[PDB]
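Below you will find one chain, with nothing else, as structure tokens; this is the form deposited without the named molecule, and questions on how it binds or moves follow later.
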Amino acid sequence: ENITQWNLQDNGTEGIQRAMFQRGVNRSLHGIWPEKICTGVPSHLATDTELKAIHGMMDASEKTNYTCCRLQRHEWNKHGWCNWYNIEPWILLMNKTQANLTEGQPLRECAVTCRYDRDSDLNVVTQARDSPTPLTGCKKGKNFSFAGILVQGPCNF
């Protein structure tokens, strides 16, 4: 029912993808997205201490040097409060999702966005999710690279 999406390292993509490559991070959670997007005022304002409890999730912002908490707070504000009601079960789910992502390539890993790399003739996956979706920036007929793992098609197992 929820889309789980994450960033993947890629030295060829400026921003979080490059920062992850430099730090030896392969997968960094972007979000867990139910159908409903939160509108209005959050029932609770996420603190830095709460957001830092999602261990290994890197912020997409250079303003924190890709650490915490701009993306983490944005996730709680836009997808968290209205769906989970309380920050505690959301922090635990996000943290466990990230822990699984840190362990290696997950159960279902489908490409979302690629950076086609001319040199290696590979579709370098910059963002993946746990369900198939139409692709963006992915060259037809090329193999896919999920944080160095070579796959035939857009979905990795």
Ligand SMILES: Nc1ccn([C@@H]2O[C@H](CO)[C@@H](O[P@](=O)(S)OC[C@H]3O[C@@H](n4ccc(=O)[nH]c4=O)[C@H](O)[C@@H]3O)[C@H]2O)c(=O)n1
The other form holds:
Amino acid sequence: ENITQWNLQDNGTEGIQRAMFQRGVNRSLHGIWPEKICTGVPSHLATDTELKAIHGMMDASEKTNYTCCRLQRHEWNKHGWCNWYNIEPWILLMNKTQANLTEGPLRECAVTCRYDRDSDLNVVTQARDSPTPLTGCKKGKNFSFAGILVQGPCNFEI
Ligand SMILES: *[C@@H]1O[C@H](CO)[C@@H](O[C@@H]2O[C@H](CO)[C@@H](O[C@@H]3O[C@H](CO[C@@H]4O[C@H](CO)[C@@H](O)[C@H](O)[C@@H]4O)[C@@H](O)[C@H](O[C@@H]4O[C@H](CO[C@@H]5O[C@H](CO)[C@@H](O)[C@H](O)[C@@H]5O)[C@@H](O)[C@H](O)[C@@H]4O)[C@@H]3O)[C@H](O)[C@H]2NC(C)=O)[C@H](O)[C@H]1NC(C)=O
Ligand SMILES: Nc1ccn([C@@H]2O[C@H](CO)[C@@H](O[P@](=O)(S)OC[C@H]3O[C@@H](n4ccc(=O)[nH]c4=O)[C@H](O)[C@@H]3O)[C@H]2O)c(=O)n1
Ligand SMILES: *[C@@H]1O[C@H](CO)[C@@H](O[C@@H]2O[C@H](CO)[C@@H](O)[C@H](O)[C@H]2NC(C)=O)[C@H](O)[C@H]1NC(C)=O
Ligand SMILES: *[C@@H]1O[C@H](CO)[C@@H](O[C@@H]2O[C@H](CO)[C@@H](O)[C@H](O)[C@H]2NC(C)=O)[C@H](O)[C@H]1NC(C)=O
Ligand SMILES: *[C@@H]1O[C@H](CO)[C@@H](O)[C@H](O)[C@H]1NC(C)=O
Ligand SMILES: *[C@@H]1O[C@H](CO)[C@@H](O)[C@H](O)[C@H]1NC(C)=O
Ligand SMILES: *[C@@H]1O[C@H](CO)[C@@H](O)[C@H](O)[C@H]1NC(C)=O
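Right, the form deposited without the named molecule is done; let's see the coordinates for the form solved in complex with the named molecule.
And the full complex, kicking off with our chain again.
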């Protein structure tokens, strides 16, 4: 039901993907998304200490040097509060999701690509745990998930 999506390293992609590459990080959680998007004032304002407890998840913002907690707070604000109600179970799920990402599932399906001409590969910049229509992927080419070459848009290797 919930989509779990993450960023993957890619030196050719400006932003978190390049920062991940430079830091030797392969996979960094973007979010866990139920159907309902939260609107309005959150029931609880996520603190830095709470958001830092999602170990390994790098912020997509350069304003924190891709650390914490802009993306982490945006995730709680847009997808967290109205679905989980309390930050504690949401922090636990996000943290455990990220721990699996750092270690590894794999149930890894490409979401967005940067087609690299020099390698003739669809470099995956974001992936999720269920198949989805692709964006920026060249049809017929192979997929590179943080250096792992796969034939299709879905990767099953640890
Ligand atoms: C996919 O994403 C969905 C979110 O869309 C997620 O479901 C949510 O899971 C979280 C748990 O991780 C649920 O949060 C709990 O919700 C309770 C209220 O639930 C009610 O029932 C319905 C569920 O079907 C829901 O629709 C209703 O609106 C309704 O509100 C909270 O009670 C709960 O708090 C937890 O307990 C404490 C409450 O206190 C009790 O008393 C004491 C005193 O503190 C406690 O010690 C005791 O243990 C009691 O529980 C809180 O203080 C505490 O922090 C605690 O953690 C918690 O917030 C949420 O309802 C689910 N939402 C929906 C819409 O289903 C799925 O898990 C996701 N699945 C995967 C696989 O990712
Ligand atoms: N005030 C701010 C500042 C930063 N941020 C977050 O940090 C990113 C960089 O500014 C934003 O990208 P976002 O704006 S969502 O997207 C811009 C670009 O980044 C991409 N992106 C965004 C988030 C993420 O996790 N991974 C990722 O590739 C997105 O696809 C697009 O190409 C947000 O995720 C925010 O939420 N609010
Ligand atoms: C993190 O990874 C583990 C290993 O895949 C997941 O645990 C398995 O989950 C399935 C279904 O829920 C079950 O068959 C087993 O009980 C678990 N197996 C082992 C070996 O632990 C776990 O669900 C993952 N957590 C998150 C948040 O994704
Ligand atoms: C979040 O997940 C991390 C793993 O990235 C947890 O760190 C573990 O902490 C325990 C102590 O409780 C250590 O014994 C384990 O070996 C840890 N693993 C690593 C890699 O550090 C952390 O406990 C979790 N935090 C929350 C709030 O759930
Ligand atoms: C990473 O990207 C920059 C391009 O902005 C480049 O100058 C550098 O050579 C790259 N490093 C590798 C290992 O590809
Ligand atoms: C960003 O963080 C990295 C890695 O921890 C460090 O190498 C770099 O100097 C930082 N950049 C700034 C501008 O502080
Ligand atoms: C990241 O990905 C490569 C390709 O599978 C792997 O060989 C390397 O050990 C990984 N780095 C981390 C930090 O897990």
